[PDB]
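Before any questions on binding or motion, here is one chain by itself as structure tokens, the form deposited in one PDB entry.
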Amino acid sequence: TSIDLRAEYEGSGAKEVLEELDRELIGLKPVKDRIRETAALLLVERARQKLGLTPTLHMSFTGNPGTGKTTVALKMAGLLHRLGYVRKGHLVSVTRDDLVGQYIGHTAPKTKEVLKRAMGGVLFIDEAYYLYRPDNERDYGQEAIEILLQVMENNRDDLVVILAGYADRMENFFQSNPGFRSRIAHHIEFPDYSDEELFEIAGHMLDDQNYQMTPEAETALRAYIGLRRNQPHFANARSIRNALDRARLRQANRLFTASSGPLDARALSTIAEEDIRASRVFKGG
């Protein structure tokens, strides 16, 4: 007659999954609160079905690389299975090259078989928009879309689909293939790490390698981070790693060229302001 939401929250073990996500995803509170929130709606809409009032679950995760897309998607498959929306809470992750066949006619079995594997859980199409390439001739992508779109409509109660990738490309993909928008019930946005967070990471990375930055070099990175995030294909922590790898190289070539004579652990463990500002990022790319 009336329902207890907290009981179902504690009953499903959905709380456990949300803890498992805060423990397994390095502080991206913004996204985590959005997953907390959707978990609430998923909970309520479950209780609504229970008191006698056919869902819709497909979703889209958009943002840059290294923003938690997959590791959230995994926890989502779990959560979904916990709240009885899915039979076996398991995540089949797949690119476009897992769905489109090279030879004519050999796409529809391949897409169908991936879907056979996916049944009872979640399919995760990474950079889905690459299914639609009328740019390429002899690309049979249009057909994998047809089948995808078909399952999301009809054969629903055994599958949840997650499209993922860059937001700009996802939006364009919807333009050309509409009828996806009315099949995605959750448009989740994954933003980057804040500057202070990106700096903390860069800090820890150098701690684990045994390197220190000079105070002046620290502010160089901060200048760097802020610039980089605004340039194309920003990969968050991979972009940091990549900047440090390059800084380490430049430092090694400072010390080898400077060749003043013998040098101690400080000089060798130190990344200087020179090593970061030499980056093309400060020039424009």
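Residue numbers count along the first chain shown, from 1. Basically, rigid core = biggest C-alpha set you can superpose within 1.5 Å across the two forms. First, how it differs from the form deposited in another entry.
The hinge between the rigid parts that move between the two forms is at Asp192; the other choices in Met213, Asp192, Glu146, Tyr224 are more than 12 positions from any hinge. Two rigid parts move between the two forms, and the turn of the smaller against the larger, rounded to whole degrees, is 14°.
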Given for the second form:
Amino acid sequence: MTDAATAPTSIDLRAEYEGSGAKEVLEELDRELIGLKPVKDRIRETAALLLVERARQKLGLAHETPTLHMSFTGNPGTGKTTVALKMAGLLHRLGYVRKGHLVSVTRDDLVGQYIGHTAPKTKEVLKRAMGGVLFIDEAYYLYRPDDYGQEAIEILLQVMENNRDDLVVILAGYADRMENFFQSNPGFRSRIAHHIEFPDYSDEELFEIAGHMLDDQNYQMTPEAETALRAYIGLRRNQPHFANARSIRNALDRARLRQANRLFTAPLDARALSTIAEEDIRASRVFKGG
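Next block: the form deposited in another entry, after the form deposited in one PDB entry:
Lone chain follows.
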């Protein structure tokens, strides 16, 4: 009876990081996410673990696969899906998951209407998702004890413990709703390896964004419109279902529509056409509360 190890004695982490194409994925994430340090930094921290646990496996110290599903909580427009894209990428380059693909999904894709229809629907989605990552947006809507989503949850749960080298799940949505979900459904908390919290952009950053949005479309703002917009951002951001940069485009979109109707209703040069007056923003229902 003998026992011999046939695994490298040492491993350079920086060498693996670089050569596994792991480094680059994080760099892509840098390019593909308009400055959101806290989350980018959080992902790096996650990436160091994935890299170490890979290194441990290569030295022959691994016992099972690490648990490596995760939960992205936050407001819309905060970078979740595009991070999940990168998470799929990084997990692929680190050989944690077979094929680097992401399968984005919502309640409807898993929960059928007529009785019995749920089980094969989830399973089929799961099949397409094996090899890569399954991203379930607002996963908490599966559980509505108010529709047999209960079964999707169970097939989902079973899968998450059992066969780990096939699939990775990233649950996503608002934090409070996700927390209640976890409260109402034990067993997920055990399985989730990582909670990544996605914060909003600052008033300053959203104003930056709005600024660029206008410039591209050659649109100038009056100072009273600059005031109004700032006010707007401040109010909108504490109102339900805040969609960061998206709800800024929508707001500017709505201001662009009002501005167009204002003029047309009242000959005009390029300045009069490209200018957005205070009324166009102030006319929003964000100021009246709604």
